[PDB]
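Only one chain comes next, encoded as structure tokens, the form solved without the DNA.
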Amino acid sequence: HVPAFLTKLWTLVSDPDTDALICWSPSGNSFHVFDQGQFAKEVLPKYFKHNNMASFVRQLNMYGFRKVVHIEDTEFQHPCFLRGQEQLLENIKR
């Protein structure tokens, strides 16, 4: 059993029709969320049935996702959340 959240998240990231707001990084080892306000207003209701970024991020945290930042516009990642590898979602837990 792979949690519906992860399957939906993988499909959403991979969808080219949504890449303006959420997409894979070039290497496919992480994903980006652009325009958080628009993302929460437009994408989250359609795919996750709410409009709250904090709730979305809480789910990411629950599954052990990390945030990627520049060394001294949000990038999230999990070692088993990879482009073209939906079958690896089975290894994500929590």
Contents of the next structure:
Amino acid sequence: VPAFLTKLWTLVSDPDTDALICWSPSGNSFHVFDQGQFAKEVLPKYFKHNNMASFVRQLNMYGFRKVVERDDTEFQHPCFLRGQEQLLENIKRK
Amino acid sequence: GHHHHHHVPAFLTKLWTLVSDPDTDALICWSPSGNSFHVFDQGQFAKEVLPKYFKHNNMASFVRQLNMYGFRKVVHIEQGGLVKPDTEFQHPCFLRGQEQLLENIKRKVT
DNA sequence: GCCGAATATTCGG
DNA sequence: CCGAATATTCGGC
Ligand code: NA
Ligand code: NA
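For comparison with the form solved without the DNA, would you give the structure of this protein in the form deposited with the DNA bound?
The complete assembly is shown below, putting the previous chain first.
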């Protein structure tokens, strides 16, 4: 399992980051709140960059899709589900 | 991909700058003839120069890029009988004073 | 918003 | 030193 997916699983699931990135209440997706602060303050703790665009490129690379005031966004993957970490084994690049 | 109008990869301008910088010459510097550069104390160079220009502090990842762009280690014949107890790299188009040749250095494809 | 491609970083042969 | 896996960046719809 590539490092991006386990890092993404960790930082989404981490309660200490939920004001910036967190599971949706139903758990099929995750929200990103205040993309400016998230990109500069959260991304460099896990990756070699602080660009939201490079984070989104990786999401799309593994097949995540954007879910249709604040600068907030939401992404989903059919196999990126809260509580089901094992599904990551079969998430490959498209 | 790269720019449509003009392309000099970031590694080459960064390499030119950090080699030519007099503030780094105790760690990386041009040879006297200007046709190669030396790396002194690879450990200190990796911690002190590499993170200022790249997303890492690994000598191996710096050398990987050097080889990707066609640079080769310079080796020297050992003369004399006295025992002798620090590396050097060259590219035919990486020459001090012939700065425009840097533009003709292309990365390997893979 | 999503994907192709060149370059960058890491890991193993 | 090299090839590949993965990551980061650049630019096209
Ligand atoms: Na979180
Ligand atoms: Na120097």
